[PDB]
Every structure is written in structure tokens, then in C-alpha cells.
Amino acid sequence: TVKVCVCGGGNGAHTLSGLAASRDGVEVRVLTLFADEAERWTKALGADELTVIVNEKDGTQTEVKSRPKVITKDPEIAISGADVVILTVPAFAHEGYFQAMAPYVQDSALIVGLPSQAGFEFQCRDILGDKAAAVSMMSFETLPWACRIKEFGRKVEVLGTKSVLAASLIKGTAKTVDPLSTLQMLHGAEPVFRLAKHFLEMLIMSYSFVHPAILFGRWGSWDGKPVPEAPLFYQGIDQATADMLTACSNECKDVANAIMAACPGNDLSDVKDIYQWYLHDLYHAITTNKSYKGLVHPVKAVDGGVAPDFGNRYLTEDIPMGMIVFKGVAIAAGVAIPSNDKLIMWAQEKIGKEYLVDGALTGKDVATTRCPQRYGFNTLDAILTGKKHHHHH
């Protein structure tokens, strides 16, 4: 038996629970701490089976029916004996799930952020304390699927599934179930998973600057006058924004290189240029992507047209659970990242938050971020190993 705990109750959690419980030999427990969402899920499901509708790209559709063993808000029930603990929620919820699982997580547990995405390991090391060096930590670059719930607790739709997907790993002292293949088995044939060389590679390759950069490209020195309708998102970028993305991507390499120079045995060679990343030139590569057709900026109705809607996950997530975390790493490496910095400073004010001030992580809301320094990881080796330096005597 491969005992799996799925944390969350959103789109991904529905899909994962559905796809995972359908696998032979797997026991799925759903943990959700958001009020009484578990109780709402159970009551909604009843005695029926959970349904996942997959568009095969292209083989029409597929009916996947399965039932988890239990759906609970009690971490004791969901986490005890769990071989794999997978977090599929927006990163702001991650704190609570680590806190709830901590007294119950077994040494051989594989802890997976699906996503994830930045500072996930630092947060895990902090909350789980001494047990963090025992468990394994796995960080996936994004969600496996474009998916949405069609009916709460009962029905979820997969619009499309990724071809390839990468995940990083920090091995603990405990032997877990095999990370890559177990996660593959749970997901079926697609997406085909690959193991990234290093967790910092994954963290930097998340390209946290992208959405803040695109928003800065379209609304940088925005006069405060409306536009006829919602302008194109990715396909609506200018040349200067394509340069801006290149600048920030080079800074990513700079931090990677400096980590590799200062710390041998840590392979960060798969940290890439954003143009070189895919899976003519950068500008045209973004604009002529049929995966970006008809995707528009977040807009709200105002006087004489529509204004940008800055209250969105492009900044509320991607800054504190992305750019700040990369800035925290940059500081420790001794690499100024001016282009990244300028984006942080701008996106900061737009959401009414403050993390970075004069190139230093002293902002009012820096505590709600996952930058290593927030948790006390102030050196590169403390970032890499999770061990804080203690001198005597």
C-alpha cells in the first residue's frame, strides 16, 4: 500500500485526489484546514465517486472515477502513516499545513509541493525543525494540469495536461518511496516527470519576475487614463519588456554562477536563459505562442474604459512567494539584481504591501514571505543544508 495525503481543496486537490485514488494499491487521504471544507467536501460527495474529466489533446474525453479513503480536517488521521504528503494549494496556505502535519509526519515521509514554488523548502525546514533533515522535500515547477472544478467535492475538469514537468529534491536521511516514479504512477502517463539537479535551480527557474514584468511592461508609467478593453497579456508585451525579461533571466544566471563558485558540489548548470527555455528571438517566441492566444490582463471597470486590476495572484503570490525569495538568495550570494529589484519595488506598492526597502529585506510585510533570512538562514550553506552556524565558546 502506498499511503498518500493530499493537502488542499481547490482545483488541483480535486484532480490529484481523483487521479491518485484511481491508482491500484494507493490509499488517499485528503487534508484541508480551511474552515470546514473537509466536512463540506464529504457531505457534497456523499456515497458517490469523485470524477475527473480529461481532455486528452486530442482524444476527446475520459471518465476517471475514484473515492479517497477519507476527507478530513484532522491532521492526525490524514498524516499518520502517510508515505507521501502532497501540498496542492496557493503558497499562502502552506504554513498551516506544515504546522498541522509536524507532530504526525513520519521520518520516511516524502513531502511534495505541487506547487510549491519558492521558499517551500526553507519554510518546511523551519516549521518541521529536527524532523526536516529526515524527510524528503520535493518541489514541482507548476501544477501538472490546467484544471477547474465543475461541481464542488464531486467534479473537476482537466482542460489539458503538460507534456513534460520537472521536480527538484532534497534527500533526507530516511529512505522514502521512490520520489520520481511514485509521483509518476499517481499522475499516470502524463506529464512525464524529470528530476532537476538541484532545488535552488528549481527555485530560480520558476522565473518569478515574469508576471510582475509583464504587468510593469503594460502599466509601468501608466498615466491613470483608461483603455477601450482588456489588452493581451503575454501576446501584448512590447520589445522593452522582452529586454526586461532577458535582463532578469541573466541575473538569475548570475546568482546561479555565484552559488556554484562559492559552494562546490552544488550543480546549478541547468539554470537557463528564459529564451533558451522551452518546452526567432525571445519577443517573437512569446508573442507567437499559440498557448498565449486571447489571454488578457486583469481588468476592472472605471471611468471611460477599463483599468488594470492589481489585486491579483500575479503580485500577491509571485512577489512574497517568489521574487522576495529569489532576492533573499541573491543577497546571500552577494549579487545585486537591479532589474529584479526595480520590479519588486513597483509591484510592492501596487498591492499595498512592503517587503524590500533600499535593497534590504526590512519591509513591513517581509514576515509573510519565504526569503531564507525570514527564517534565520543568512548564509549560503544555511540556505543549502538548513543548518544554522553555531560557534563556541
The other form holds:
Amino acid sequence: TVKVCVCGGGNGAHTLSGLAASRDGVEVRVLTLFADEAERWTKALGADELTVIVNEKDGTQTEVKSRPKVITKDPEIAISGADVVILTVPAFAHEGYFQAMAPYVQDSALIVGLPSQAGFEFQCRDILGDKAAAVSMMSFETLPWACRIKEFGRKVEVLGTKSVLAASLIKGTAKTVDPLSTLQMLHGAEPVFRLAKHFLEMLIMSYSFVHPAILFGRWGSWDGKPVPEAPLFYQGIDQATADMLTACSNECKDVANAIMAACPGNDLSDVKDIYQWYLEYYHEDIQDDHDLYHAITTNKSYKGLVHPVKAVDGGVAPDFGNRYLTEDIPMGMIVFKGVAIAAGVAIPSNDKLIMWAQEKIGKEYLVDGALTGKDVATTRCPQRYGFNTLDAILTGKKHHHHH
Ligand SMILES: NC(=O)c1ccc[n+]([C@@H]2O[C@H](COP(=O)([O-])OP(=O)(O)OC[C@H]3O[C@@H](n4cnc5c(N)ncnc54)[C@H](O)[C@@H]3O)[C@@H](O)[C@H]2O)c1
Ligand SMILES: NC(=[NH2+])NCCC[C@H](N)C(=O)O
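Write the structure block of the form solved in complex with ligand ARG for the protein whose form deposited without ligand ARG appears above.
Below is the entire complex, every chain and molecule, led by the chain shown above.
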């Protein structure tokens, strides 16, 4: 029997629990530390089955029904004897789950971030301590489905499923269940999972600059005057933003190259240009693909998507109380920044974005090119956890001197 632990009670956690609990030979334990959410779930479900409505490519709707073994807030019941522990929550909530699982997780455990975001492995190492070298850490690039809860604790809808999905793996000393095949088995036929080459490849291929760049590209030097309707998000970028995106993508390659130079044997050669990525994964959606500006603006799977806005005097204004910045910076760019600091590479385009965007969310992270802001402790950058050098970043082992 494969014993799987699902962390969280969101859209993803609902979708994952339903599909995993339906696979024969799988026991699912659902753990949520959000107040008394676990109890609310159990009470809402009752004796009924957790229903997952999948919208297939045909237009037809497949219906999956299953019951998890237990939905508890007690980390002892959920974690003990778990072969796979999967975290499906926004990143600010990951710190709590690592602490909860710390005493009860077994050596042979496979810890999965679905999705991980950035600094997942640095955080896991810090909290689990020595045990992180035993377990295996697995980082997915994004959530496998676009999904929304239809009825809390009992009904969730898959709007669509990705076809391909990459996950990075850090193999520990202990032998786990096979990372790729076990995760595939739980998910079903789609997405088809492949292993990435390196975890830092996964970390930077997040492209944590994208949403902060689109928001800066439109509201950078905003005078305060309102607009009629909400302007288009991805498709509303000007040329200055396509150049801003390329410069940050170039800086991603810079950090990737420095690491391969400083530490050979770390294959980071799968780190691309954002222009190269778009033309590989959105090829069927792009009308005109001659540059990055046109690849994004004419991308059909971006139509109707607008900026977050709120009603103000004489129109609408940008809503900033979102997870575009309060997530992608502390749990994305700052991590990348710390890695770049350790790599000894300047990243001016990324720096410009960090400084503007932190100020919009009333937070301090980066100060004069140094990780010394007020809220630097709420970020997952490797320097925050004590890992100051590139070697400490790759291995998790800190330098101690004699004699
Ligand atoms: N939903 C999607 O289709 C979509 C698509 C791609 C990627 N993602 C990403 O995947 C991640 C997970 O998606 P989701 O929709 O399940 O997130 P979600 O918004 O549904 O997560 C909410 C859950 O997180 C936990 N939580 C929320 N606030 C908490 C707090 N204050 N303290 C402790 N726990 C708290 C609770 O268990 C809650 O049920 C997100 O970060 C999102 O960016 C989502
Ligand atoms: N998993 C990735 N490589 N993502 C790159 C694009 C990321 C970007 N933040 C988006 O949602 O479009």
C-alpha cells in the first residue's frame, strides 16, 4: 500500500485528495493546519464521497468519487508511516507544514511541493535539519490542473489538465518509492511527468519576474489618474515590457552559467529564454511569433485576462492586495536574488522590479543590493536560512572550521 499525505485544504488539495484516494492500493491522509479546517471538511463531507469533476478535451465531464482515510489537523496521524507527503498550498503556508511533519516523518519519505515555488528545498532543509539528507525533495513547476472548489469539502472542478509537467528531484540517502511513477499513478493519464535536470534549474525557470514585470510595465510611472475598464494583462504589454522581460530572462541565463562554472557536475543547461519557452509550449496558441512582444500579445490562451482592479473616482485603479506580488517576490524573486548573490552575478533588471514591487505591498526585502530589509525573514532566500555560499545551496551542508 502507498501511504500518501496531502497538505492543505484548497482547490489543489481537494483535487489531489479525490484523485489519489480513488487509486487502488493508495491510502490518503489529508492534513490541514489552517485553524480548524480539517474538522470543517470532515463535517461537510459526512459519509459522502469527495467528487472531482474533470472537464475533458472532448467537452465531456468525467466524474471521480473517493473517500480519504482521514482528514485531520493532527500531524501525528497524517504523517506517521507516510511514503509520499505532498504539499499543495500557497507558499507562505509551507513553513507550518515542515514544522508539523518534523518529528513524525520517516527517512524513506518523498516530500513533494505541488507546486514548490522557490526556496522550497532550502526551507525544508532548515526545518527538518539532518533528516532532509535522508528524505527526497521533489519540486513541481506549477499546479497540474486549473481547478476551483464548487462546494467546500465535497466538490471540486478541474477546468483543465496540463499535458506535460516537469519536476526536479533531490535524492536523499534513504530509498523512497519511485518519485516519477508513483506521482504519475496518483494523477492518472495526465499530465505526463518528466524529471528536470536540476533543482536550481527548476528554481529559476519559475520566471518569478514575469507578473511583477507586467504590473510594472503598466503601472510603473502611473500618475494616479483612473482608466475606463480593466486593461488587458498579458496582452496589454508595451515594447518596453518585452525588453524588460528579455533582460530578466538573460539574467536568468547569467546566474545559470555562473553556477555551472563555479560548480561543474551541476547540469543547468535546460534553462531557457522566455522567448524560447513560449515558442515550445504555446506554439499552438501564438498567432504571430517573430519576437517576444508578439508571442505574448498574440497568445490566444491569454485573451480576456485583465489586471486586478478596484472602483475609484472616475474609473478603476490597480488592486495590489493580490498574490502576484505578495507571493512571487518573497517566495520567488528574493530567493532567485539570494542565489544570484551567491553566484556573484549582478541582476539589475530583476533588482529594479524587486525595489518597486516591495514598496507597493508595504514590505521591505532588498536594501541597497543587500538582503537586509525588515521582512527578509519572511522570504525563502538561502541567506535567510544560513546557506550563504553556492556549496551550501547545493548540498545543505554548512562550513565549520578547525583547528
Ligand atoms: N488553483 C489553480 O487552478 C492554480 C493554477 C496554477 C497554480 N496555482 C497555484 O497553486 C497553489 C495552490 O493552489 P490552490 O488554489 O489550492 O490555493 P488555495 O487558495 O485554494 O489555498 C487555500 C488553502 O491554503 C491553506 N491556507 C490558506 N491560508 C492559510 C493561512 N492563513 N494559514 C494556514 N493555511 C492557509 C488552507 O488550507 C486553504 O484551504 C497556489 O499558490 C497557486 O498560486 C493555482
Ligand atoms: N513554469 C514556468 N516556467 N513558468 C514560466 C511563466 C511563468 C509566469 N510567472 C506565468 O504564469 O506565465
